[PDB]
Amino acid sequence: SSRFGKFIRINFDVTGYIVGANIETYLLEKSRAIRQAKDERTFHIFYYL
Amino acid sequence: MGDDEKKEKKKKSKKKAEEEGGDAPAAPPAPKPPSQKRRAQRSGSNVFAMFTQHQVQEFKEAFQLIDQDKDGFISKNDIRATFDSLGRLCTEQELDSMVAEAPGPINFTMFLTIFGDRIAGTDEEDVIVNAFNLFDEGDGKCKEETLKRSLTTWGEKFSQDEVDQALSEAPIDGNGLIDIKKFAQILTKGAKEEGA
Amino acid sequence: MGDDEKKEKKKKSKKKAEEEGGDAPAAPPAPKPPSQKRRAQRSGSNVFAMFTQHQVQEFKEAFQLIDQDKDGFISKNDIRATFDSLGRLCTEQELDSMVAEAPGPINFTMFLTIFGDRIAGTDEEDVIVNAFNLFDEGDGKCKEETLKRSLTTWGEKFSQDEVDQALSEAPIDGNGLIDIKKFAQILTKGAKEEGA
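Residue numbers (our numbering), protein chains in the order written: chain A, 1 to 49; chain B, 1001 to 1196; chain C, 2001 to 2196.
Everything labelled a hint here was simulated from the structure, so no lab data went into it.
The C-beta atom is built at its ideal place from N, Cα and C for all residues, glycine as well.
Mixed in with the good hints, there may be bad ones.
Stated by the list, open to error - Each computed DSS-like pair below joins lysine-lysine, with the alpha-carbon atoms no more than 27 Å apart:
| hint | chain 1 | residue 1 | chain 2 | residue 2 |
| --- | --- | --- | --- | --- |
| 1 | C | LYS2143 | B | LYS1007 |
| 2 | C | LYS2143 | C | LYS2181 |
| 3 | C | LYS2189 | B | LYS1060 |
To be verified - Not everything, but these chain C residues come out facing chain B in the computed CB check (under 8 Å):
| hint | residue |
| --- | --- |
| 4 | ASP2004 |
| 5 | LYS2016 |
| 6 | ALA2030 |
Extracted from the complex, chain A is given alone in its bound form:
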């Protein structure tokens, strides 16, 4: 499962055209790496390397 989520701003000139565009994301399941529950796993890539 994924754990992240987002936003955009869109600045316009004098005539109203797309000039600026500003994307923001909010928060992550950022915690497990140094505590995995029994029968859980960590962030994908470790096991892969």
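With chain A held as given, fit chains B and C onto it using these hints.
Just chains B and C now, kept in the frame of chain A:
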């Protein structure tokens, strides 16, 4: 990296303890952060030295009828085999509770730390025997009625079902439950019958 | 679910006995409701010194001595040139039969598969002390007349030849064949080479 030491020990640690919170469900179990190998080190733990001459070779003295990997082992695939054929057990729930004494090669150089983990693994004497040996006063024991009063009225309160089952079972031995032995039934010096 | 544990229970075989000796059984456990497999114990591992501490050490580690070409099995040419590397060679026929004490690939496991299982042979040395130590009437010895008269006359009988061979080997002192030493003379950390 050193996660290689920990892949050989995601095999062998996992030997302690990742699925351990079984019927009492999904606990905060053993951690992946490497320092915490030494919280898995709790009391009740003796591990004899490498060229032992023999308290470690005594595991060869029974070796034959246990092993998996005979260049000389018991792997994940041997407590996630052998305990189902030797000492106790596991649901996916209690999976690597007991199978957390081998999710990875019990080499002879790990038989070392499995009779090591026998006199170690699950909360051993300093915990189990002393759970009540510390409520106790001295060259003593604890009173039956007072231990009934406990089990129901003290803490996470238990059911009738729970008391009755643990009543017919309780070694009531002179108006007093023989606590040291209710725990150390699992231990001393005169049996070679189960676990291993 | 409650199943992935039980998937894994089959790699025991893939390096112990079974890949020679389905003879030495994989014993089926693990009935799916995993409360069940607590019935499968091997209760009671004791007799006189099965791994005797100056013998079975050596046997197994004489896999690292008897595997000469360092393949991981034991060939006809392993037992031979490794006996030649000590001294007294068996003929290829004697060897062939001594390999044919197993069905073929006497590797690290098949070796010990026949080694441990064979629990029977000669009497134990402490029984062998009892042999004449139970005939003496005090703490003393054994009068030589009585050991000569007995071996020929009593029960199972020797020939003259049988006694005289045993007699040049027999430590006579003070007209008393002090039995305790002759017993150690026949069977202590005895001779090599004859098997495996």
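Taking the hints in turn, this is what the structure says about them:
no. : hint                   : in the structure
1   : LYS2143/C to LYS1007/B : 70 Å, violated
2   : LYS2143/C to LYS2181/C : 15 Å, holds
3   : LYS2189/C to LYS1060/B : 20 Å, holds
4   : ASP2004                : 6 Å, holds
5   : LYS2016                : 4 Å, holds
6   : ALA2030                : 5 Å, holds
Comparing the model with each numbered hint stated earlier shows that hint 1 is the single one that does not hold.
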